[PDB]
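One chain comes next, on its own, written out as structure tokens in the form deposited in one PDB entry.
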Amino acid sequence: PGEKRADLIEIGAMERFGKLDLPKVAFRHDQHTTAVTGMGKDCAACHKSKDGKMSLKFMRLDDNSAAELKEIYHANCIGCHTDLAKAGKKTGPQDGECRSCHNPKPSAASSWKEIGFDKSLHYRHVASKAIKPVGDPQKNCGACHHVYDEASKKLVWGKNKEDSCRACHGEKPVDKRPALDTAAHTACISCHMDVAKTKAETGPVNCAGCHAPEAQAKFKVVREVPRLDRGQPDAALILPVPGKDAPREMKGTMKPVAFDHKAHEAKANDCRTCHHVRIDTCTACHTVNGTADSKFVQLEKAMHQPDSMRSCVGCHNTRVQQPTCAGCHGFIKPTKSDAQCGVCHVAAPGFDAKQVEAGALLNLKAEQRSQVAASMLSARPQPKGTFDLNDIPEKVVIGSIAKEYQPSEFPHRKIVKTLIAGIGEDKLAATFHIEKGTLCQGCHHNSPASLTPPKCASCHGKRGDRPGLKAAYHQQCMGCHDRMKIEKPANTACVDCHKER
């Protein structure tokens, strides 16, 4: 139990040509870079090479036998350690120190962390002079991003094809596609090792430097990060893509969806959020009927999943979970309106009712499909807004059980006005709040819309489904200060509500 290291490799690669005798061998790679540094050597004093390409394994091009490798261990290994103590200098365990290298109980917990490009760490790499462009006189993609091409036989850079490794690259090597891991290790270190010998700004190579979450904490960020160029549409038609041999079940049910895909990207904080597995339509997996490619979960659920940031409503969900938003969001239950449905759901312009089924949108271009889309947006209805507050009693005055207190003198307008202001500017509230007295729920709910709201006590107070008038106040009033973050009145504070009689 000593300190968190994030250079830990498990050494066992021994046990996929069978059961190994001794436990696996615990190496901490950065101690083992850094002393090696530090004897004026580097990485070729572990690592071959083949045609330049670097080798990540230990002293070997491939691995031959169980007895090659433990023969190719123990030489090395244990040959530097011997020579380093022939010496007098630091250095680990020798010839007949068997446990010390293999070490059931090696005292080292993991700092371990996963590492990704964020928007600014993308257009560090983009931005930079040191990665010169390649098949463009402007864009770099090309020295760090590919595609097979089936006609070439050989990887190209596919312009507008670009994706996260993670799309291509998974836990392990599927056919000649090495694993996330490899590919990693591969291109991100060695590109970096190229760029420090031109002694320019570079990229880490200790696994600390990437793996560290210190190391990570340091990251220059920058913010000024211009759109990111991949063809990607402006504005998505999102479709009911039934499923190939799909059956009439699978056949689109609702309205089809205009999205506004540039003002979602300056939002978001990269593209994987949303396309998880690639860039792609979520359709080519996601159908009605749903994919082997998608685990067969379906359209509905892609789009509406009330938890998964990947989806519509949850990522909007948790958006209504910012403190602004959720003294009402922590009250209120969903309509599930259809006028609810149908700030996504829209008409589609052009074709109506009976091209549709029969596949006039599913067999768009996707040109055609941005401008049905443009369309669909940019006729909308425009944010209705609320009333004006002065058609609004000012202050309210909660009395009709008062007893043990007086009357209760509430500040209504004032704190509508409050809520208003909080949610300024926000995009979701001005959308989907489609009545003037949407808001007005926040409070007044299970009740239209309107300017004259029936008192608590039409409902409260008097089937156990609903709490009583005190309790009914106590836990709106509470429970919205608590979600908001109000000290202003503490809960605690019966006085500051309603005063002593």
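Residue numbers count along the first chain shown, from 1. Rigid core: the largest C-alpha set superposing within 1.5 Å between the two forms. Compared with the form deposited in another entry:
- Summarising the superposition on the core between these two forms, the listed residues 75, 353, 420, 266 contain exactly one with a Cα shift of 2 Å or larger, 353.
- Annotation: Cα of residue 172 displaced by less than 2 Å between these two forms, core superposition.
- In a rigid-core overlay of the protein, residue 87 has its C-alpha displaced by under 2 Å between these two forms.
- In the core-superposed comparison between these two forms, the C-alpha atom of residue 303 has shifted by less than 2 angstroms.
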The other form holds:
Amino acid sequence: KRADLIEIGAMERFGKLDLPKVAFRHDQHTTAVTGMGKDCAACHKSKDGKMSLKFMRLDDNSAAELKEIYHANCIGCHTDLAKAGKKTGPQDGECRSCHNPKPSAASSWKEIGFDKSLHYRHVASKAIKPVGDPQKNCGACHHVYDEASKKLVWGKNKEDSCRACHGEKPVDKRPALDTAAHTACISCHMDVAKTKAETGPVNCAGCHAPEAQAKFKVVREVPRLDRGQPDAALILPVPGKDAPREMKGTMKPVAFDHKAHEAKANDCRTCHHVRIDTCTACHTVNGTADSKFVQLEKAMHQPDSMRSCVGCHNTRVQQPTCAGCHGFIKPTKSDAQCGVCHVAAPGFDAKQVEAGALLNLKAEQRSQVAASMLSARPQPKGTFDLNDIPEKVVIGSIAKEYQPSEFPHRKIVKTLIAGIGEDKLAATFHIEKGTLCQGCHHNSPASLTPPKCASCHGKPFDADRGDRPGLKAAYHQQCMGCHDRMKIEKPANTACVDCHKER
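Can you switch from the form deposited in one PDB entry and show the form deposited in another entry instead?
Shown below: the chain alone.
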């Protein structure tokens, strides 16, 4: 179980290896060289104040130069160590002990990233001094390339994840993500270490061991990370540069409570999966090569993505307090439900306006329109006064093998409501007083007087073919299914008499 394994194979670049690649355990090496009184410089060279992540060179010049670099420096240390009686590595004649095919695995490595709590601990840190702003420390970490001064500069309000510009491999001036991260994070972690203030880790396991990550202090006291995003955004059906038509849209546009969404999410990137910007710069109505022709409709409504409005919302719906109802019902895809998001802009018919004219507005003007949209929504409707519903229901129309079932209708509804508690997805998407009722009274209008299940679930007569569930099967599927999705302990589905006593 290691998080610090590296497979050394730089040579493959120049041709097929004669021998296996060389497993190397970096934390085993660093533990040992520190104890010998040495540091990173024992194996990495520097230039311009920057440590190279490569072993004992600035460049991969030839096959022959790397092979000599490794043997001469890797072995040389193992030799001196053995000649001194210390614990050590493979010696010069031990080819297969370095060049070893077997290491199947034993890798526990894991990606690391900044959630909002870990990003705050860096901002709020006194060892990371402000720069270019009396109060702000953003420029200690974030940059953009300034063509004018031919150099990196802190772009105020242009901060983004490193992933937005640093990818899988280098793109000539900008390093790939791993070297970016390893160069910036570790080197500051080591400066701050010299002043014995609190710091971040430098051992590989320290960032990459699952156990280490679990140990990090987490903070739910997280202030708004604030570059200059809007509180209220106006999302639009964007046609895109290359579209024969330039067609408006088909729906009304959608105001979006950006500030509230921030406070509920874990970072920015979950939504802005490529870079902070609109979504429409790439996901247009018809899609674009920048999305990979993934169209705006897929981006905003896709059922199983955490990135989309519908998709993220779908995962909140699996939480037990919700899933009783949400695992049973089907969607109406009704115009009222679409209209929870697609609303009227104040003062005009957005459908008669091209995207461009709204995108071209100044951010503060567009925010004001969305805000007005947001503010005009209908207040939460709530459900019926539970006193207008039967406190108890006895279900006995097919009683036989057992007595009829006495069921605590009203108490169960209050608990559903209590479990929903303050959740705002539910308060706004539960659009009719009887919406909650439809969690069990499916397929009929929201109402104080829903019909009985028998009104349309066959009496109990077909052992073989029966269009949707007969009566008994529908009660059992509804009652027992909710109890399991909600993790209700009692009654238990095996406890027949707890829902209907015998006789």
